[PDB]
Each structure stands twice: as C-alpha cells, then as structure tokens.
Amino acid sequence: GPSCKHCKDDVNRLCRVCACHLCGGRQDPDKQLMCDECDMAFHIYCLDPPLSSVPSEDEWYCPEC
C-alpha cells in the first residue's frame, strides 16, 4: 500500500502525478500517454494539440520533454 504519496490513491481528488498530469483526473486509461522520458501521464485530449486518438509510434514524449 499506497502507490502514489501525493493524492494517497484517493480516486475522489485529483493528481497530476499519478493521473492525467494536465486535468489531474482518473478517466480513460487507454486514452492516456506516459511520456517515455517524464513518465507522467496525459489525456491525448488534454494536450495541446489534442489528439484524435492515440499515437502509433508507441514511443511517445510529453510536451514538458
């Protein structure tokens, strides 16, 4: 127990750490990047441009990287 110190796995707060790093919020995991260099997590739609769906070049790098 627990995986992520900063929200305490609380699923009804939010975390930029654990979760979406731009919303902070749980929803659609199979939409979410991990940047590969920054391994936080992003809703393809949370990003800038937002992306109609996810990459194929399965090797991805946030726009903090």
Second form
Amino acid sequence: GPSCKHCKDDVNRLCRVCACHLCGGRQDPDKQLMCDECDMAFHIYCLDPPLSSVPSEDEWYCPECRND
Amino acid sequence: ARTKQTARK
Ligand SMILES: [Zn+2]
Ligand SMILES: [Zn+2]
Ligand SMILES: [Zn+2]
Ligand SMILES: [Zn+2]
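Can you swap the form deposited without the partner chain for the form solved in complex with the partner chain?
Below: every chain and molecule of the assembly, starting with the one above.
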C-alpha cells in the first residue's frame, strides 16, 4: 500500500511527485524545501540560483507558484 | 521554511 502511487515507493526510481520536483532525486529530504502553494519539494541546490541553507522565513514559494 | 524531512545534527 505505497505512500506514493506514482513511484510505488521504489527507491530505485526518480519521482517528481514525492521527491524533488525538479530532478526526482530522493536523497537529502532535509534539504528539500516545501512550497507553501503547491506543497511540492525542491532540493535547495536544484533551485536557480541554488541556495546553501533552508530559508529562515516561514513561507516559501517555488518557482512555479511565486510572484514574479 | 518547511522542509520535507529533518535530519539528526
Ligand atoms: Zn513518488
Ligand atoms: Zn511542476
Ligand atoms: Zn533536485
Ligand atoms: Zn509551488
């Protein structure tokens, strides 16, 4: 009864739904930011520009959801 | 901001 029906929780598979939305990679979930609009996950280092730390502010919006 | 998970220091 997998948590993610898309990848079936298969650690061998990339998944842009339950892992990094940009690269699909599963590593470093402690460095994957959650977007406060779409609730997808983004490695800090997959962003443009890449970030070296988790932002301090409570609310963060991914490139797909943020104001331009 | 929120992260997907946390990790031990
Ligand atoms: Zn998945
Ligand atoms: Zn998308
Ligand atoms: Zn990534
Ligand atoms: Zn978003």
